[PDB]
Amino acid sequence: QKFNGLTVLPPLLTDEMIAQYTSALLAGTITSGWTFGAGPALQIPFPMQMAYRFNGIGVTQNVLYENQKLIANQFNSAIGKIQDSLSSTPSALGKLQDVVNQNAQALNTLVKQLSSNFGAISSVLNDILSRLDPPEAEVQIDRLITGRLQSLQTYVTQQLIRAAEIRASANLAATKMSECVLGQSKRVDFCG
Amino acid sequence: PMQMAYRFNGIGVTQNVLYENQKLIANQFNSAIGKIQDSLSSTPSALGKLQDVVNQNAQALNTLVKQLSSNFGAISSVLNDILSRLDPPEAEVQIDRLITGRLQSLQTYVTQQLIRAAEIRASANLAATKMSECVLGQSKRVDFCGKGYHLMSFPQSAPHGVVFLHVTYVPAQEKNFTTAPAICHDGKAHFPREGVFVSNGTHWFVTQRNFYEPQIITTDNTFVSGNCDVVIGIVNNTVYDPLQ
Amino acid sequence: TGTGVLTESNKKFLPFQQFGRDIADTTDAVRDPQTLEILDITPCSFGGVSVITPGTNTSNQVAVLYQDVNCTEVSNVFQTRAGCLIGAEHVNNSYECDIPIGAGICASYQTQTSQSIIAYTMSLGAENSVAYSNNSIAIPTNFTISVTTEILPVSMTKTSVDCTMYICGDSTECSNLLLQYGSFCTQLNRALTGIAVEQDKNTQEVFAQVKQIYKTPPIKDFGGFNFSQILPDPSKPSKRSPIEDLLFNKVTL
Amino acid sequence: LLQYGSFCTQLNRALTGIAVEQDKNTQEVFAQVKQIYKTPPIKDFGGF
Ligand SMILES: *[C@@H]1O[C@H](CO)[C@@H](O[C@@H]2O[C@H](CO)[C@@H](O)[C@H](O)[C@H]2NC(C)=O)[C@H](O)[C@H]1NC(C)=O
Ligand SMILES: *[C@@H]1O[C@H](CO)[C@@H](O[C@@H]2O[C@H](CO)[C@@H](O)[C@H](O)[C@H]2NC(C)=O)[C@H](O)[C@H]1NC(C)=O
Ligand SMILES: *[C@@H]1O[C@H](CO)[C@@H](O[C@@H]2O[C@H](CO)[C@@H](O)[C@H](O)[C@H]2NC(C)=O)[C@H](O)[C@H]1NC(C)=O
Ligand SMILES: *[C@@H]1O[C@H](CO)[C@@H](O[C@@H]2O[C@H](CO)[C@@H](O)[C@H](O)[C@H]2NC(C)=O)[C@H](O)[C@H]1NC(C)=O
Ligand SMILES: *[C@@H]1O[C@H](CO)[C@@H](O[C@@H]2O[C@H](CO)[C@@H](O)[C@H](O)[C@H]2NC(C)=O)[C@H](O)[C@H]1NC(C)=O
Ligand SMILES: *[C@@H]1O[C@H](CO)[C@@H](O)[C@H](O)[C@H]1NC(C)=O
Ligand SMILES: *[C@@H]1O[C@H](CO)[C@@H](O)[C@H](O)[C@H]1NC(C)=O
Ligand SMILES: *[C@@H]1O[C@H](CO)[C@@H](O)[C@H](O)[C@H]1NC(C)=O
Ligand SMILES: *[C@@H]1O[C@H](CO)[C@@H](O)[C@H](O)[C@H]1NC(C)=O
Ligand SMILES: *[C@@H]1O[C@H](CO)[C@@H](O)[C@H](O)[C@H]1NC(C)=O
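Residue numbers (the authors' numbering), protein chains in the order written: chain A, 853 to 1044; chain B, 899 to 1142; chain C, 547 to 620, 640 to 678, 689 to 828; chain D, 753 to 800.
For reference, chain A alone in the conformation it holds in the complex:
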């Protein structure tokens, strides 16, 4: 949709381009453990990497080797269950749907504020100008200007506050990427 004064700017990173970043992060993780987050990516066989991640939680690595078939089956089953889980449980993506809903609602309110009189004889500037002489049309227009400017300012303020919330979430997500994806976190319930 396109309206009077409202424009939406395209993000700098396209969705086709963020998928490449996540592909790089995956490939790096599977093929090199956490080593690629510190220095050069150093290949390591994946069961050996999982053995060292087991060793990183106080389980000897012989456990993983003596039940690798079992652990791989459990991992495959758990990954498969994610698809069904978030496909069948609604409101699972609610935290993402809510940002879209809130932004759309704020814009709809901002546009619907152009239908308000604020005490003017009419809300249509051309209609009031076409039938009132200038020294009174000035007074009528001024109320409309004041109301519309106040509406725009309220919109800007709520956008600033919501953007602060989204920035806090994005900082949390960056910390989680660094500390869960590029490392193994010894830190309780931070990564699940």
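Just so you know, the hints here were simulated from the structure itself, not pulled from any lab data.
Don't be surprised by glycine CBs; every beta carbon is placed ideally from N, CA and C.
Among the hints, a few may not be true.
[Said to hold, decoys possible] To be clear about the criterion: a stretch of chain A counts as covered by chain B if any three or more of its residues have a C-beta under 8 Å from a C-beta of chain B, and this derived list gives those stretches:
hint, segment
1, 863 to 869
2, 885 to 893
3, 1009 to 1015
Since the structure of chain A is provided, determine the placement of chains B, C and D with the ligands on it from the hints.
Same frame as chain A, now just chains B, C and D with the ligands:
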């Protein structure tokens, strides 16, 4: 040197590494610190994050000041002249418009200052956490105190901020090696107590994970568990005990 | 009344309605008198104008971006997915992003190959596959000790405004009128005082984390480790380190 | 509207600040790899 050795021990490299190449490590640290001086003196926009707070506060104050030039519909913007040329019953209506405009301008300024203060408070809380966790300790928490494995960091005060010098260990020239997760001896299956098994092609060694140091595999750096029939990748090799 | 472009529409109005209106109370179509045709209304094109510049310290050359317009309405014009961009030559080969245009497009002053502002799809980094095998590992045979600098703002200037003289100045006349607005300025003074007082708490919390002042020994026998670049210099009038002195000479107010 | 001063250069500046910040959010979350890594054509990951 001993403190730095134990910080090395805190990232998974034995102390003997630091002591056998302390001259090199100290030279390399001195060079890396000296490069910070040159980088800050040569690269502009390095202190951008600090200059931006100053710039934004200055811009907010400048717009607040320039809002005194606005009429807001009053016959004039200077209160003194409208007061000096209108009788009170007609000057009150003019002054009211200025009062409304200036009050609402001040309100906008204060609201944006509150939001920016919340942002700066978040940054200061982050800086306090980084002081505690990077300067007062060694952080096992990746990419929080720089790129690489965190050794130690130094604070430097900056105008309206803090600068952290994060010393990190970064691995260097590496070799493709062949591995196996265990070795089979007399039907017993041996795992490495610390480190990994590697082969130079003809002979098998245990090394620590972050620095190539081959050792002949002994009963003293591996542990047996189970038999050879269970682990999928096994290599037959001999293990020696000093007792014989 | 209104302005816009009128086009034929396939919206089956009812015989009695005279003009259609979309969500959020905007006229989206009207029916024509004298032909009863149903004609659609679209706002005629508009958008912001943005200026791409390498900097007056490098060149006076500039590319201009019209943000949401087709390249049909007014030396080399390029239609991109974030607007119409004129003055930038488009290069097939990708570089690291310098000045963001949007939608994956960036632009910079090349200074070597083309003497203009080029426009390109930004690259995400060097491609390299990792040599994954089921029986191969890579272990580093050396290391490098690296120092990186991280910069964080802690506090800002503790400003304070006095409403009564910002709004009125020395005028009892309008001060009497300002009294009719209640505590609008007790509130603003209070809010700014809160900001100012917490600016000091920010610094206290970042820096005051040691209960006593530790001193370095007179003799610097640190086993080859050299800290002269970070410890304070006795020869300076203000006892700052060389790096802190450069930091203080680097930000300008 | 000119008689209200800089209200709208100010509102435009605030919205532009938010817009510029969203790209920084995305970049700091995702742009954490120096290099683009690819997986091998054969998926012999020990059963995973
Ligand atoms: C593989 O390891 C063996 C020993 O584990 C190395 O053999 C040594 O070679 C040197 C020749 O420079 C001889 O002086 C030693 O006596 C040998 N050791 C033994 C136990 O025979 C061999 O050089 C290594 N090769 C690689 C490529 O690492
Ligand atoms: C209004 O009047 C005009 C003519 O005065 C009508 O336009 C005619 O429309 C028919 C279509 O059925 C055409 O065949 C004629 O050629 C048109 N006339 C002219 C002069 O263009 C129009 O239909 C009338 N509408 C109403 C609602 O009365
Ligand atoms: C480690 O082994 C891999 C292959 O086993 C090497 O990767 C090759 O790198 C060259 C670049 O000069 C490419 O042309 C080949 O296509 C790569 N091979 C594969 C299978 O991708 C890598 O160079 C080796 N590195 C070391 C240090 O030995
Ligand atoms: C380990 O790294 C250091 C440097 O990081 C290397 O030391 C260099 O050695 C050469 C000798 O050929 C000298 O010319 C350089 O000046 C040295 N550099 C420094 C900073 O002192 C060392 O050779 C590396 N060793 C290995 C095995 O990689
Ligand atoms: C520590 O390092 C600094 C430089 O990194 C050394 O300071 C130099 O001292 C000599 C005096 O002989 C001066 O000529 C240089 O100009 C100084 N350099 C700088 C950058 O100021 C200092 O001598 C070193 N100390 C130790 C013990 O290594
Ligand atoms: C590794 O790959 C080779 C080649 O396909 C295969 O023969 C072997 O069984 C695999 N597993 C090992 C060596 O543990
Ligand atoms: C290891 O030793 C056993 C003992 O009989 C033998 O069967 C097996 O083939 C050996 N492994 C290899 C790779 O030859
Ligand atoms: C242009 O840049 C040079 C070096 O980058 C600098 O010395 C000069 O002052 C700059 N010109 C300005 C700031 O007007
Ligand atoms: C720009 O206009 C041309 C024809 O004028 C059209 O073919 C093209 O699709 C337009 N670009 C868009 C809609 O992005
Ligand atoms: C750029 O590449 C496209 C496809 O690769 C090609 O059709 C086009 O002619 C190229 N243009 C230039 C200037 O290299």
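Unsatisfied constraints (hint numbers, rising)
1
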